[PDB]
Amino acid sequence: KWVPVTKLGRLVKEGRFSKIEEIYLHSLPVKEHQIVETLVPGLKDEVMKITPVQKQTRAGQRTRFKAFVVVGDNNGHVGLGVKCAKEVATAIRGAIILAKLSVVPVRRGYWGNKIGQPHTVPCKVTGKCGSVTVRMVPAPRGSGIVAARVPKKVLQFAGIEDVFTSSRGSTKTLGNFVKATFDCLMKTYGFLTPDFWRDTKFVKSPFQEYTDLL
Amino acid sequence: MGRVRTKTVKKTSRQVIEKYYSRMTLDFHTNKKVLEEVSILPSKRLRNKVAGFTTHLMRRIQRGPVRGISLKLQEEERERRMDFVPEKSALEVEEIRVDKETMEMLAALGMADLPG
Amino acid sequence: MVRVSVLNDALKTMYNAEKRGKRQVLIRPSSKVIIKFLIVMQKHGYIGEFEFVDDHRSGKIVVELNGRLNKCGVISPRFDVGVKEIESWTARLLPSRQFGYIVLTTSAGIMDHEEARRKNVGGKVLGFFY
Amino acid sequence: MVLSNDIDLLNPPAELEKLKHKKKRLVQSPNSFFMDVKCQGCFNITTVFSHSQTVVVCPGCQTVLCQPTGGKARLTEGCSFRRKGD
Amino acid sequence: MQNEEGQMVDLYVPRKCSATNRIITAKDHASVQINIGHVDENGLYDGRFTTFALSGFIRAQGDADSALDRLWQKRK
Amino acid sequence: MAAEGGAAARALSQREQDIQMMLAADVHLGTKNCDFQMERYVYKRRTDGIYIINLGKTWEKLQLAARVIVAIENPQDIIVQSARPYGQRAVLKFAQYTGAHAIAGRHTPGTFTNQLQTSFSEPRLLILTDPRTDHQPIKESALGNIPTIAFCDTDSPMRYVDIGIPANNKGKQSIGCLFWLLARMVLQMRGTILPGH
Amino acid sequence: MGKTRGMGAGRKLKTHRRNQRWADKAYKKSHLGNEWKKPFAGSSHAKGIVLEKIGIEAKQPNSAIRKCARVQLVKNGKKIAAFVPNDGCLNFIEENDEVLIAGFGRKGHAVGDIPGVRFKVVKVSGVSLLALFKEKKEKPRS
Amino acid sequence: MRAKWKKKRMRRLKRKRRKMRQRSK
Amino acid sequence: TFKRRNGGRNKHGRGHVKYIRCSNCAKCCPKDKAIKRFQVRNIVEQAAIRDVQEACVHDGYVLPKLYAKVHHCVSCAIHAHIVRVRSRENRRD
RNA sequence: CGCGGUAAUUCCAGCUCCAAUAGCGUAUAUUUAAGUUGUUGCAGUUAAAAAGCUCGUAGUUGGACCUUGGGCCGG
RNA sequence: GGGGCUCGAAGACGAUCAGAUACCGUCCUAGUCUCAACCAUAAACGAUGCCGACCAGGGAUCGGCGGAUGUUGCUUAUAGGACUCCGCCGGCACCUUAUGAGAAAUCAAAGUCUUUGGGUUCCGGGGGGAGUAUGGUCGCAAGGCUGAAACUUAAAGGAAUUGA
RNA sequence: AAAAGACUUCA
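Residue numbers (the authors' numbering), protein chains in the order written: chain BC, 34 to 247; chain BR, 1 to 116; chain BW, 1 to 130; chain Bb, 1 to 86; chain BV, 1 to 76; chain BA, 1 to 197; chain BX, 1 to 142; chain Cn, 1 to 25; chain Ba, 2 to 94.
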C-alpha cells in the first residue's frame with residue numbers, strides 16, 4: 034500500500050500538492066520515495082552499471098557491489114542512486130528508491146535566439162566530481178547528443194536533445210564518471226540569466242498553509 | 001565476573017516497577033509473586049533474577065530519583081516545584097544599578113534609574 | 001600592472017561574501033568598467049570618491065545584490081593591455097551566449113559588443129561579462 | 001553586521017583612520033600637526049612641528065622645549081602647549 | 001520569459017534568496033523561508049508578511065545572521 | 001539594520017519595569033576581550049576587560065523576534081531546546097505559558113532529521129538557550145529547513161543561527177528572564193494576555 | 001606559475017614548446033631519428049632471409065615455446081627475430097627463403113611476452129602466410 | 001636540486017668506471 | 002606526510018637553531034625539537050626524608066634539590082618518557 | 001590488458017551469429033583524440049616539475065593631469 | 001702557515017656475528033679550530049619563484065608610533081622607560097572557520113585558472129637507461145656544471161581507505 | 001631491550 038508517514042508525505046499523497054514544482058520551490062527534503070511516485074508514476078528506471086567492490090575483513094572477505102540506477106522521466110528529471118550491499122539485487126532495489134529521493138529539475142533553455150520550445154541548456158554549466166570536469170557546451174539543434182554511450186543516457190532523462198560534451202580527467206573510473214555528469218544538470222539553476230534575474234514575490238510554505246490538516 | 005545484569009533484565013526491571021508501583025515493595029518474597037502475575041518466565045532462575053534486581057532498584061527510588069525510572073508520585077513532586085515562577089529570582093530592589101554603557105542608552109530612553 | 005582584472009576578480013569574490021561593496025583605488029581603464037556596468041545595470045549608481053587632492057583616485061561602489069539574485073553572475077578578466085590578442089567585428093569569440101556581453105575597447109571608445117558589431121569596428125576584449 | 005565599508009562611510013571613526021596608512025586615507029591629511037608651545041621665559045609662544053626631530057630650543061629663552069623620539073616629540077619637564085596653527 | 005512565437009515558456013521559476021544572493025536550488029534542502037508578519041496593535045495581522053529566504057551556503061559561512069539583519073526592517 | 005514599522009501591540013513597547021528585569025537578571029553582562037564583528041552593541045569599552053551590552057539595542061531585537069514567532073496560526077509547532085540546567089528552567093516554563101512543545105535535557109540526533117524515525121519533528125521555529133553547547137542540534141535544523149533563533153553571547157555563535165540576541169548564556173537568571181519576556185510578548189498579540197505586566 | 005601574456009613575450013612560449021614534443025613518442029620518432037635506429041628504414045614492410053628457426057621460450061607466468069625465426073634484412077646487416085603465427089608455419093617458413101615481415105602494432109620495440117622479437121611474419125615464399133595454414137593455397141615448388 | 005641514493009652510488013661509480021679501463025683489473 | 006600546520010617540525014623563519022646534544026646518546030638536536038623535561042626532584046626519596054632529618058642538625062634544612070633538563074633524541078623519550086602517542090586533536094596542544 | 005597447465009564464450013576446425021559490403025584487412029608515415037605541446041588551452045605543497053641566494057642587463061612589462069568634457073536642435 | 005684541547009672516516013683492537021669489515025666497546029690519523037687561499041655543492045627547505053591588488057573572524061608575541069591628569073617609577077616634579085590598555089604601520093607565525101581551490105590529506109593561500117588570458121621569469125611534459133654516455137665548459141684535486149641516445153617496458157608515483 | 005637472516009611459478 035501507500036500510507037503516508039511524516040507531515041511531508043501527508044501533504045503530497047492527500048492531493049494538497051498537484052505538482053513536483055511546488056516541492057522544489059519550498060525545498061522539502063524527500064527521504065520516502067513514495068512521495069514522488071504519487072505525483073509522478075511515469076518514472077522510468079534504468080540500471081546503468083554494476084561494478085564490484087571487495088573487502089578483506091576480520092573474519093573472511095565480504096564483497097559488496099555498487100549499483101548505479103537512474104530514475105527519471107525524459108523531461109527535466111534525472112535522479113541518482115548509488116548503494117553498496119553484499120547482494121547485487123538488494124543494491125539495485127535500494128538505488129531505485131534513492132534515485133527517486135534525489136530528483137531535482139533541470140533547466141532546458143535556448144542559446145542565442147529564443148527558438149521554439151526548450152531543448153538545450155540556457156547557459157554553459159559544469160559539474161565536478163573527483164577530478165573530472167564535464168561541460169555543457171552550446172550546440173545548434175539537430176546535432177544529437179554528442180557523447181559516449183553512458184553520458185547520452187543521463188541526458189535522455191534530462192530531456193536535452195542537443196549539446197556537445199567534452200570531459201577531461203580520468204574517464205576510465207566508471208564509478209566517478211557517472212556521478213560527474215549529474216552535477217552539471219542540477220547546477221543549471223546556478224547560472225545568472227536576466228530572464229531568471231526577475232524578482233518573484235515568494236510563494237508561502239506548505240507548513241503554514243496546511244497546519245490544521247497536519 | 002558472572003553476575004552482571006543483561007539488556008533483557010534491564011528493560012523488564014524498569015517497566016514492572018513503573019506500572020505496578022503501589023503494589024510493589026522492597027520485599028523480595030512478595031515481588032516474586034508479582035512476577036508470576038505480570039509475566040510467565042519459563043525457568044525458576046529467571047524469576048529470582050528479575051525479582052532481586054527490581055527490589056534493589058525500589059530502594060534507590062525511595063532515596064533519590066533513578067535515571068530511567070519515573071513514577072506517578074515522583075513526577076508530581078517535580079511538577080509542584082515547576083509551578084512557582086516570580087521574575088525567576090531576579091529582583092535587585094526597585095530600579096537597577098547599572099555601570100556605564102547602558103547608562104547612556106537609558107538616559108536617552110527616558111528612564112531615570114539608579115547607578116553604581 | 002593595469003588594475004582592471006583586480007576589480008573584476010574582487011567583485012565576484014565579494015558577491016560570495018554578500019558585502020555591500022569593497023571600495024578600492026581606481027585608474028582610468030577601470031573608470032571604464034564601472035560606467036559600462038551602469039549602462040547594463042549591474043550598478044544603478046556609482047560614486048567616485050576622493051579624486052581631488054589625494055595621491056590616487058578611488059571609488060566606493062554601491063552594487064546590485066543585497067536584493068534577491070546577483071546581477072553580475074560572473075565577471076572575469078580576458079587579458080589586460082600590453083599583449084597582442086585581437087578580435088575583429090567578424091572574428092567574435094564570446095562567453096555566455098548572448099545573455100551577457102563581451103567588453104570591448106573599440107576605436108572610438110569603450111562600448112558594448114552589439115554597438116561595436118553594428119558599426120563594423122573591431123577591438124581588443126577587456127573581460128567577459130556573463 | 002555585514003559591514004565591509006561603514007553604514008556612514010563618509011564619517012568613519014578616527015580609530016579606523018588610524019587603521020589605514022596616511023596615504024590610504026579616505027580624507028588624507030597629516031595626522032601630524034603644528035602646535036604653539038609655551039615658555040615662561042619668552043613673552044611670545046613659538047610654533048613648533050609635532051615631530052620635532054631636532055632638539056628644538058625656544059627662540060629667546062635657552063630653556064629647551066622638547067627632546068626628539070621615534071614618533072611625536074617627547075616634551076621635557078614642565079612646559080605647556082596648545083594645539084593650533086593657521 | 002517569452003518565446004519567439006508568443007508563449008510564455010520555461011516552467012518552474014525557482015526560489016531565489018534575499019539575504020544570501022544566489023539562486024535557491026532544489027538540491028539545497030537546507031534552505032529556509034522566513035515569514036515575519038506585519039503587525040497592528042494586539043495582532044499578528046496575517047496576510048501581510050515580509051518574506052525572506054536563507055540559503056544552506058550562508059548557514060555554513062556564518063554570515064547568515066548578519067545578512068538577514070540588514071533586510072529585516074519592515075519597510076525600506 | 002534595525003527594524004521599524006508596524007504598530008506596537010501594548011506591552012511590546014519599552015517600560016522602565018521591563019528593562020529593570022533584564023538588567024537585574026544580568027542579561028547585559030557580555031564576555032571579555034573576545035567580541036565578534038556582528039556586535040555593534042558595545043559603545044565604550046568598559047573597565048576590567050569586559051564589555052556590557054547596550055540593552056536599548058537588545059530591546060529592538062526582542063520586540064522584532066516576537067513578531068516572527070506568532071505569524072504561524074497554530075502555536076504548538078514551535079519547539080524549544082536546552083541541554084543546560086539553567087535553560088531547562090526557562091524551557092519548561094516557556095512551554096507552559098505558550099503552545100510550544102519542550103524538549104528538555106539531551107537532544108538526541110535524528111529528532112529533527114531522520115524522517116523515518118518516530119521522533120521526527122518539523123518545527124517552524126526553534127529557540128535555543130546557547131547554540132554553543134547545542135551546536136549539534138543547530139546542524140540538524142540547518143539541513144532540516146528549520147530556522148534556529150537563539151539567545152547568543154558573543155563567544156557563542158551568532159554565526160549561522162539567524163536572529164541573534166546578545167545575552168548572557170553563562171548562567172544565572174539571565175536565560176530565564178529572556179524566555180519569560182519573549183513569552184509575554186508573543187501572547188500579547190492575540191493570546192490569553194491581560195493589560196499591565 | 002601562469003604563462004606569459006605579452007606582446008613581445010610570444011618568443012618564450014614558442015621556444016619551450018618544441019622541447020616538450022620530444023617527450024611525446026610520435027614526434028620523438030622523427031626528431032631523434034629513432035625510426036632509423038629501429039631495423040626498418042621507415043618502410044611499410046621489409047624483406048629478409050631466414051638464418052635459423054629459433055625456439056624462444058615465453059616470459060614469466062606463460063610457459064610455451066613460441067617458435068620464431070631470425071631473419072637478416074636484405075637492406076641492412078641487422079639481424080632480428082620475427083614471430084611465425086599459426087599452427088604449423090615453422091615448417092612453411094624454412095631456412096633461406098625470402099620472408100616479408102611487418103611490425104606487431106607495437107610500432108617498433110619487442111612485443112613483451114616474446115623477448116627481443118620485434119616483428120611478425122606477414123608472408124613466406126611470396127604466397128601469404130594466411131593462405132598456407134588455412135590450406136586455402138599451397139606453397140609453390142622451389 | 002639533488003635527489004636520492006641512486007645518484008649517490010652512481011657518483012662514486014661515475015669516475016671509478018672511467019678509471020677502471022686504464023687500470024682494467 | 003603533511004598533516005601538520007607546523008610544517009616540517011618547529012621551523013618558523015629559522016630552519017636551524019643551535020644544537021644541544023642528548024644526555025642519552027649525544028646526537029645533535031636543535032633546541033625546539035630537542036624535548037626538554039623539568040626533573041626538579043629531591044635527593045632523598047619519600048621514605049628517606051624522615052631518616053636524614055632525624056639524624057641531622059637544623060630543622061629539616063631546606064633539602065637542596067637537583068634540577069636537570071633532560072635532552073632526548075626523540076627516540077629516547079618514546080621508550081619511557083613523554084611521547085606515548087596521542088589522539089589527533091590533542092596533538093595541536 | 002591478457003589467455004592456453006585437458007568440460008578455453010580469448011586457441012584450431014565446423015556451425016551459428018555479428019558487422020562493413022564491391023569492398024575490407026595489414027604495415028609505415030601523418031592529423032585527431034592529446035589542453036602529450038597548453039595562442040585558443042596546462043601543471044610545479046605532497047604525483048614528472050622554482051634556479052642556494054641576491055644584484056641585474058638584453059628583453060618584456062609599466063600610474064595619473066593630458067582640447068577634454070558638457071549643452072541645443074534636426075531627422 | 002698558526003694550531004692540534006676535544007673529539008674523531010680509515011686502520012687496529014673486544015664482544016656480537018657462519019661472515020660484521022658495523023651498530024656496540026677501545027686506541028686514533030687526516031680533520032675539527034683560526035688565517036690568507038681554493039671550491040660551488042646540500043632535505044642550501046616553506047620540497048611551496050619574484051612582484052601587485054583583492055577575498056575572513058579572533059587573540060598573542062617581536063619592533064616602532066599615537067592617545068590615558070592608568071599602575072610601577074620618584075626620575076627635583078615630570079617626560080621616559082618596564083607593565084596594563086586600546087588604536088596602528090610593518091613582522092615571525094598560530095588559532096578557528098574557508099566563502100573558494102584541490103585527487104584527497106590539507107591550504108587565508110596550494111584562494112581569486114573552466115569565474116580558463118594581472119605582469120615577468122624558470123622548470124617539467126611516462127617509468128627506467130641516466131643524470132650516465134659523449135662533447136663543451138670549469139675546477140688545485142675530488143669532481144662539478146651543462147647533458148643525450150641505443151635499448152627496455154606498462155605502469156612508475158601520490159593522497160586517502162580497507163585488510164594483514 | 002640486541003639473538004632474530006633466508007624462503008620457487010601461475011598467484
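If you are wondering where the hints come from, they were derived from the structure by calculation, not from laboratory data.
Accuracy of the hints is not assured; some may be wrong.
Stated by the list, open to error - Heads up, simulated BS3-like pairs for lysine-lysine below, C-alpha to C-alpha not over 25 Å straight-line:
| hint | chain 1 | residue 1 | chain 2 | residue 2 |
| --- | --- | --- | --- | --- |
| 1 | Ba | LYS70 | Cn | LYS4 |
| 2 | BX | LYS75 | BX | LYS123 |
| 3 | BW | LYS19 | Bb | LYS84 |
| 4 | BV | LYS76 | BC | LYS52 |
| 5 | Bb | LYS84 | Bb | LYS22 |
| 6 | BX | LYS38 | BX | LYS25 |
| 7 | BW | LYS124 | BX | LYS25 |
| 8 | BR | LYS33 | BR | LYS44 |
Said to hold, decoys possible - Going by beta-carbon spacing under 8 Å, a handful of chain BC positions derived as facing chain BW:
| hint | residue |
| --- | --- |
| 9 | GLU47 |
| 10 | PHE50 |
| 11 | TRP144 |
| 12 | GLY145 |
| 13 | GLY149 |
| 14 | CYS156 |
| 15 | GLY175 |
| 16 | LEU225 |
| 17 | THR226 |
| 18 | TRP230 |
To be verified - Restraint-style ranges between C-beta atoms, simulated for each label pair:
| hint | chain 1 | residue 1 | chain 2 | residue 2 | range |
| --- | --- | --- | --- | --- | --- |
| 19 | Ba | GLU90 | BA | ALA8 | 55 to 61 Å |
| 20 | Ba | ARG22 | BX | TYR27 | 29 to 35 Å |
| 21 | BA | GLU4 | BR | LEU114 | 28 to 34 Å |
| 22 | BA | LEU143 | BC | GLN94 | 18 to 24 Å |
| 23 | BV | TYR12 | BC | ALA181 | 54 to 60 Å |
| 24 | BA | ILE50 | Bb | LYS72 | 29 to 35 Å |
| 25 | BR | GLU76 | BA | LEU143 | 20 to 26 Å |
Even for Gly, the Cβ is constructed at its ideal location relative to N, Cα and C.
Hint-by-hint comparison with the structure:
1. Ba:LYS70 <-> Cn:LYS4: violated (37 Å)
2. BX:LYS75 <-> BX:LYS123: It holds: about 18 Å lies between the C-alpha atoms, which stays within 25 Å.
3. BW:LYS19 <-> Bb:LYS84: Not satisfied, since the Cα-Cα distance of roughly 40 Å exceeds 25 Å.
4. BV:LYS76 <-> BC:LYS52: violated (35 Å)
5. Bb:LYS84 <-> Bb:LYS22: With Cα atoms ~21 Å apart, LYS84 of chain Bb and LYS22 of chain Bb stay inside 25 Å; holds.
6. BX:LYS38 <-> BX:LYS25: holds (14 Å)
7. BW:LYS124 <-> BX:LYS25: With a Cα-Cα distance of about 38 Å, the restraint between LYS124 of chain BW and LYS25 of chain BX is violated, given a limit of 25 Å.
8. BR:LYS33 <-> BR:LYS44: Measuring from Cα to Cα gives roughly 12 Å; hence the hint holds.
9. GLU47: violated (32 Å)
10. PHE50: violated (24 Å)
11. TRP144: holds (5 Å)
12. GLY145: Since the shortest Cβ distance to chain BW is 4 Å, the answer is holds.
13. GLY149: violated (17 Å)
14. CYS156: holds (7 Å)
15. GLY175: violated (18 Å)
16. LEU225: holds (3 Å)
17. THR226: holds (5 Å)
18. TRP230: At about 5 Å, which falls below the 8 Å cut-off, the nearest Cβ of chain BW leaves the hint on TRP230 of chain BC intact, so it holds.
19. Ba:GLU90 <-> BA:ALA8: 55 to 61 Å: Between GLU90 of chain Ba and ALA8 of chain BA, where Cβ atoms are some 49 Å apart, the hint is violated.
20. Ba:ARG22 <-> BX:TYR27: 29 to 35 Å: 57 Å Cβ-Cβ, so the 29 to 35 Å window is violated.
21. BA:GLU4 <-> BR:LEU114: 28 to 34 Å: Cβ of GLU4 of chain BA to Cβ of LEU114 of chain BR: about 30 Å, so the range 28 to 34 Å holds.
22. BA:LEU143 <-> BC:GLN94: 18 to 24 Å: Violated, since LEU143 of chain BA and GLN94 of chain BC (Cβ atoms, about 36 Å apart) do not stay within the stated range.
23. BV:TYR12 <-> BC:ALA181: 54 to 60 Å: violated (29 Å)
24. BA:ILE50 <-> Bb:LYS72: 29 to 35 Å: holds (31 Å)
25. BR:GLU76 <-> BA:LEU143: 20 to 26 Å: violated (39 Å)
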